[PDB]
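**Student:** Residue-level listing of the chains:
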Amino acid sequence: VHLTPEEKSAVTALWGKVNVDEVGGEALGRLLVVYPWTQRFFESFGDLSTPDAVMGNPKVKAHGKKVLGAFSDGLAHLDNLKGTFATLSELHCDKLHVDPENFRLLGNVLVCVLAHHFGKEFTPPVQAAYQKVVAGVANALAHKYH
Amino acid sequence: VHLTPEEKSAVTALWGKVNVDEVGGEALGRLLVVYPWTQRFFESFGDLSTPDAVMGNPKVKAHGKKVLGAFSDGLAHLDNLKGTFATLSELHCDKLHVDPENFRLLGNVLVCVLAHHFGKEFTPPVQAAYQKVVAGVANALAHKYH
Amino acid sequence: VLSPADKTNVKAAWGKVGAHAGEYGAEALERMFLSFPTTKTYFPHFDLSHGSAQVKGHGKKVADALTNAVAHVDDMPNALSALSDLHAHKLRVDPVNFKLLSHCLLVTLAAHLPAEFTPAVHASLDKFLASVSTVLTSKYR
Amino acid sequence: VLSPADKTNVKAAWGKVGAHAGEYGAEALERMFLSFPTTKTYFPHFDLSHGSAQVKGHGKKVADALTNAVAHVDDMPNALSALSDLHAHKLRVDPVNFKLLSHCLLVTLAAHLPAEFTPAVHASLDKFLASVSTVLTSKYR
Ligand code: HEM
Ligand code: HEM
Ligand code: HEM
Ligand code: HEM
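Protein chains in written order, with the entry's author numbering: chain B, 1 to 146; chain B', 1 to 146; chain A, 1 to 141; chain A', 1 to 141. A prime marks a further copy of an entry chain.
Do not rely on the hints blindly, as some may be mistaken.
Below, a list of computed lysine to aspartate or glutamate pairs in the EDC-like style, where the Cα atoms sit at most 20 Å apart [as the list claims (entries may be wrong)]:
#1 B'/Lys144 with B/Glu7
#2 A'/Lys139 with A/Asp74
#3 B'/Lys82 with B/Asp79
Chain B is nowhere near these chain A' residues, computed Cβ spacing over 10 Å in every case [as the list claims (entries may be wrong)]:
#4 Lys40
#5 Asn68
#6 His72
#7 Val93
No lab work stands behind these hints, which were simulated from the structure alone.
Ideal Cβ positions, reconstructed from N, Cα and C, are used throughout, including at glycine.
Here chain B stands alone, though its shape is the one from the complex:
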């Protein structure tokens, strides 16, 4: 994915201030709450029928931490997304059969979470930069799938 110097720089800057132990569980939980069909993918997690039961579920938090981890590794290899994500693509595509539209969905929930945490600092240009990185990750995750 091609980021201008100011985009590439804005992404890194904001990301350095992200609470890696929180933001991922928040994006996951929000996804599960806003698009309830995605809960089917995590029955093992337990009762996801109220937002609070979702946001505070230990497993949601723990697992979101792993997702956020995956994005970070993408922000470090923006030039080789199909790379670090070759593994996660097989788990999500060949094994789980997650429709790509759902990757888009989670990538946009992440963007709302970042907007939530940074307020006016999450300017339209900065959002624009993250939308590029997010679409990349989604597309990379959807390779060797179908």
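For chain B, the structure is supplied; the task is to place chains B', A and A' with the ligands on it using the hints.
**Tutor:** Chains B', A and A' with the ligands alone, transformed into the frame defined by chain B:
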């Protein structure tokens, strides 16, 4: 993309019987007719306001021929989709800004066109094989985009 | 919204399909489970094998709900209320799946009725199925 | 369909946004044109620059249509009939674009109202915007 021997073989077989000068204009035209917003991308083509004006438009036919050409080249390098499609991805993503959902759309219109031409020979298993090849092409077309 | 021509096309397709409705519905379901494995997870205790009697049976239920939608173009949500609560607020069917089934339903028609599945008919049928999908995922919006 | 709690949340968000509505609408539009260039092609003769007065003005029109939808949750298609014909049967706006604007509208709220944009509110707002999008692309189905 990973096709079983019978899928890989079914694709090749059917494809060998496809009228390359017709099928592509038909998929394009059907796309323009069924999802009318896609006409915006081809204003230069002229009045696309009736299906007949669309299906018979010389430019639609000529251009669909080029698309079908692109799919064929994909069927020949099923192992390197991101390859032959590196070029078309930049034209469609970096220049045209076509949402990927629209690639999915055209890939499924192609499948209906094949079903139309082959009748009962386009069995569920054969459709299943083409859906894999079609999703691959779409995802490859959506790389280096966003 | 379905124009007058769209209703005509949709009903004309329905009349031509005739007695084959249940069977085409079962065929669409088979195309969906095979082309898009994710959908299978929605029917765990189902015999999803080729000649499954249970898929045959489910195909007829789908076709009949479609016939009901066809009969209530302007009254669809009232018409498929229960059905909407079932898929939207209970099974939580992924909206994408509806687009996938809609597509297999069109592929099925095109495989059986090539001469009659013209671009114009294809567009009318697609509008129709998207109206049905809108309703069935309705409870979400 | 919007539950009673969803209506409450949606109206509560609307009340808190208050006088900022037009401005947040303009901000959402700016986020959309910048994050998703494809949408720009829909406003050729528009001054799409940052402080554009024309984007400011369009933002207010959008916010007002949203206010109108908020006031007609159960009467939406009648409420936004013209608007639906405009986007669906005239400009032929790609349905995807509506999801993209819906998203920028939520991003805008979350940037201004972090404390109040809770998961539950986020879900209610998303349902609401999807209901509006359903209508605006309505003429297609
Ligand atoms: C933005 C894209 C996404 C990223 C970065 C991501 C990342 C991850 C990571 C890093 C893991 C653990 C992988 C491993 O241990 O090898 C995981 C597992 C998984 N993901 Fe995702 N994911 C994404 C989207 C989704 C969505 C959209 C769903 C479906 C609604 C989903 C469903 C799952 C499931 C079911 C597992 C395994 C759950 C378990 O560990 O019990 N993922 N994901
Ligand atoms: C299944 C995916 C698709 C394939 C295989 C495909 C293939 C092609 C090919 C081979 C060309 C000419 C490229 C060149 O000369 O370098 C082309 C051009 C183009 N395509 Fe696609 N395409 C796809 C989807 C789409 C869709 C979904 C739209 C948008 C609704 C679109 C819009 C265009 C435009 C505007 C051009 C240039 C038109 C012109 O030559 O005047 N394409 N495409
Ligand atoms: C054209 C759209 C569809 C129509 C017209 C339709 C119609 C029906 C009908 C008539 C029933 C039986 C209702 C009852 O007995 O109460 C049903 C149930 C069911 N459908 Fe759908 N449906 C559609 C799409 C979907 C999709 C896309 C999925 C999933 C990929 C889905 C999942 C199910 C499930 C899981 C059941 C319950 C099966 C059982 O356990 O008995 N439906 N559908
Ligand atoms: C939340 C959804 C939306 C609402 C509430 C909304 C509302 C409006 C309103 C109130 C108007 C002015 C109507 C008039 O003067 O007759 C308008 C016009 C317009 N909108 Fe939307 N709209 C939405 C989404 C979209 C999207 C997604 C696009 C394109 C990416 C779009 C494209 C346009 C265009 C091209 C115009 C005409 C601009 C002009 O030339 O004057 N709208 N919209």
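**Student:** Is B'/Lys144 within 20 Å of B/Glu7, Cα to Cα?
**Tutor:** 16 Å, holds
**Student:** Please verify whether A'/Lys139 and A/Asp74 have alpha carbons no more than 20 Å apart.
**Tutor:** Roughly 13 Å between the alpha carbons, so the hint for A'/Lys139 and A/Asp74 holds.
**Student:** Determine whether the non-interface label on A'/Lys40 survives the test: each CB of chain B must be over 10 Å from its CB.
**Tutor:** 12 Å, holds
**Student:** A'/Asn68 clear of chain B by more than 10 Å, beta carbon to beta carbon?
**Tutor:** Consistent with the label, A'/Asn68 stays out of reach of chain B, its closest Cβ about 24 Å off (over 10 Å).
**Student:** For a C-alpha distance cap of 20 Å, please report whether B'/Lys82 and B/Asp79 respect it.
**Tutor:** Holds - the C-alpha atoms of B/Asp79 and B'/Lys82 are around 15 Å apart, at most 20 Å.
**Student:** Against chain B, does A'/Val93 hold up as non-interface, every C-beta pair farther apart than 10 Å?
**Tutor:** 19 Å, holds
**Student:** Would you assess whether A'/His72, listed as outside the interface, keeps its beta-carbon beyond 10 Å of every beta-carbon in chain B?
**Tutor:** 23 Å, holds
In this structure, none of the earlier numbered hints is contradicted; all agree with it.
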